[PDB]
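As a starting point, one isolated chain is supplied in structure tokens, in the form solved without its partner chain.
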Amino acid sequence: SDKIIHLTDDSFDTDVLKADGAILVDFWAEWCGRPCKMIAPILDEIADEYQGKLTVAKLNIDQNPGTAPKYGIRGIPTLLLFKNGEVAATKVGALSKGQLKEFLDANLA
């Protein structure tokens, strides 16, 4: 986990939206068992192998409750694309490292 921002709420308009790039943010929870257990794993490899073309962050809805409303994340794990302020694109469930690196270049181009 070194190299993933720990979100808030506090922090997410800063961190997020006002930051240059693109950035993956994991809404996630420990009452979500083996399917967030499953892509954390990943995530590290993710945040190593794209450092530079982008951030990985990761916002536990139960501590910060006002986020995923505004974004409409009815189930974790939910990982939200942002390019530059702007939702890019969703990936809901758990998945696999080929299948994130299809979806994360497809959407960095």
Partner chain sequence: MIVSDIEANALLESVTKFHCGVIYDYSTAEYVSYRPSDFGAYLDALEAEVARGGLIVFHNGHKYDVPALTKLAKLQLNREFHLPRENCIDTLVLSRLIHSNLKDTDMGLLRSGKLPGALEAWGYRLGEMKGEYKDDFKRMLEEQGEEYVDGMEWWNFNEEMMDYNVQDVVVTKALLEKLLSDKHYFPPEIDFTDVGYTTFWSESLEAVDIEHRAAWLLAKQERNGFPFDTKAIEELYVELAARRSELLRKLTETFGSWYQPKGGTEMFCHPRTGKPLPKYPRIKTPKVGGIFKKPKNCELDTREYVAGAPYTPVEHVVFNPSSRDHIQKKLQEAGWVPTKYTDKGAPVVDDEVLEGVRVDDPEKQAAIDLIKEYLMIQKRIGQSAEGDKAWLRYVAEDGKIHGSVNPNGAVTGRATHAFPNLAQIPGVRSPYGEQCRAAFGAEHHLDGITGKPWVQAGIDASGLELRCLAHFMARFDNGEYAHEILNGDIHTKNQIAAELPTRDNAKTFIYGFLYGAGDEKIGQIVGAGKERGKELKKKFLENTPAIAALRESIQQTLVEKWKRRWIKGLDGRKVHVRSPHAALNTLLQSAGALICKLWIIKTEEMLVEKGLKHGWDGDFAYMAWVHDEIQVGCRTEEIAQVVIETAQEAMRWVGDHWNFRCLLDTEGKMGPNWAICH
The other form holds:
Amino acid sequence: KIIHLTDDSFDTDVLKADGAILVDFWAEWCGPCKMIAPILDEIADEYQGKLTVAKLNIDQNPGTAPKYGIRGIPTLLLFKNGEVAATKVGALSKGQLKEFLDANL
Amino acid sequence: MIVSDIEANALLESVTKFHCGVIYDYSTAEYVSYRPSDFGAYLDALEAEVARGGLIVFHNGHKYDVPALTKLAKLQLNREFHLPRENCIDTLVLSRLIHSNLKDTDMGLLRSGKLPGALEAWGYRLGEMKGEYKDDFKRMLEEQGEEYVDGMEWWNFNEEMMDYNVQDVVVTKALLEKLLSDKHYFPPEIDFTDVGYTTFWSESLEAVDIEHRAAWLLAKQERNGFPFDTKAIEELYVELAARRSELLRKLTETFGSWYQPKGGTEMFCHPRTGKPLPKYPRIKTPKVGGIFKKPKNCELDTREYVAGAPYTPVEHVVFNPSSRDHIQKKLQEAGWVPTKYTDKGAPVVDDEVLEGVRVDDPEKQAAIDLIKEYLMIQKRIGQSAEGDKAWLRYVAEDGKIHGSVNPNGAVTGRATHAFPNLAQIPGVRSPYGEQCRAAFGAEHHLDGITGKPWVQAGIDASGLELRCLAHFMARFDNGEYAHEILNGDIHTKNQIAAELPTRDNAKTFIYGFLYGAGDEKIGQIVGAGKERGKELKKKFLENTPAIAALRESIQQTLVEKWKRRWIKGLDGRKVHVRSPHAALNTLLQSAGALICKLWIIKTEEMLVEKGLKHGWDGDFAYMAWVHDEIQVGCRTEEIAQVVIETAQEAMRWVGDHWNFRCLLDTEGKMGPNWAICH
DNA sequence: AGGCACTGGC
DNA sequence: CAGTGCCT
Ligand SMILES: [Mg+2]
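Switching from the form solved without its partner chain: structure of the form solved in complex with its partner chain?
Below: every chain and molecule of the assembly, starting with the one above.
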């Protein structure tokens, strides 16, 4: 249920999309990214119909991250109507993500 | 004989004030100090020693003290003072001859730590005095709550300076005696601190005299400087910088930027077992932050971190064509499989391998040539304008680059050049070589009287290495090789001795043989590698037994592991041998070096005996000596003709002087600059 | 082979 | 300091 983004599909899938979109900027060589990965799978299964979870691997798609000043990963950006509503960095626990989502959703 | 040293307010280039000087006289055994107001008396004391047919010892006096005294005498006293070359001894020059197996800080211009091997103690102390005096000056300053400035320790005379001056003469005196105690260079029967100048030069090993004449002339060469076309190079700089930008733009379009971990402090540990994972990039765990800001009775925390939630800090990096790492990274991701690495894991990324790299993507395959051009252009930009020793940073007010020269910096007797190294200017055959080379030339100097540009005479020793080789094999082949070089075609002959195809292959093989080169580059001429290479260098020797005999005779003399770790040079000096396999090469390079050294000395001497004056205010000026070639500025075309013919005469003289079994020659060319004169 | 020196990266 | 390249 997770949307795997690409540099060229980013604009339409995220910025022009309707509804809340949580984007995860990640890399295969990052330990913390591998930690939150499972958490995101469960979040996509739970928040269906209220929010969409999307992932962007920064090694395969290097043009997007720079535009948002990413300085650490995994980076989570919650987009609403083409703009960043909230942003958190780090392998949040499932519990901490729900609060983040529920609070910003 | 007297031993002396002075302290002045700056380097030769800008010195204007004599601070003090000290003199130790062997005939009285006393040290005499001369303060600022005793300058005339100091000079009178030096000339008195000259009048007696005596000797004056300075440490590095040939390049500094002596010309400095000439300059200060004129400025401060409006007096003409010129110590004659024959009356001067230089312990730095002597050390470099006798301890040729050791490095030195070049009087404080190089940091000790960087120099390999050990350093002679006395010479070390002499080269660190300025830095030591400086450290003490500051100490005293920042001890009286007084701010230190750049180099104010040399602005005014003071007793701390006078004491160091005295100590320099005691150390120089000790170095001298230590050097004179070397029986190989100075016969034991003679007390060299008690003889006249003619006896000093005549009773010591020929090398002593030669090194002192070389240092004297090369000191003059540095003072002359090499006329440089600053404008031409600034324009080349603009051109290169534009090609660099354009190549950067294209390469950044081809190889996009990426992210790399950076700034991680804490180790990453498996959340399950807690087992440390060292291969994983370093992470960082925030100790502050949450989803909600701290309550007080709850507003969302704007911050982006969460206590306990770890993340891997990263940096954004743009492809840099100058980075071997980026190139390796981007090319393998394109399908490149490194066939050769360095002894550190990193894969080799030099021009030769890049030449062999083959990737599927056509745009990336073409980008490799852009990377190769980029690296080459960076090499030129660095040497011409941006590097620490760039030409544009070294050109002086008189429009000349005064490169430094260590007359005997190499173990073999060759000179070393630096600040900047004028013996590494790109040749006309390499990219931009024409423009770099044309920028150095007599044409860029306008006569002080007529304003007319000067002319350049470029002269080199013809096939010097092969001739040196011919000479040493003469005792095994009776001059056969020497006879072939002079009349037949030594190259064709070598092409036959070594079963090689083209005549040029041999013409490239031999030089590879003399200048040392593994079977790799060797066989790299016959398509193969170090494979047929081993076969080639063997079939050659097989058909040229004189060379084999020579090599064997050298071995017998050195290895009995050693019976003697040095070989005798043409002028009798000891030439340290680093390894048994490099013995023949050390011998050949040393002969060429010593032949070229005596040659430029004899050339200048013959010119002066013919009435020509050495200097920009004269008829000619030595601008550069690059191993087996000299570039001389001449006031006129006729003078350049004379310099060329005289150089040829001097070379013959040198060959006859050392009873060389192979005739030596020179080829000269006249023109406006280095590009045309070579 | 003998040297000097530039740039990248720690 | 490692890896390279410029000169003879
Ligand atoms: Mg001194």
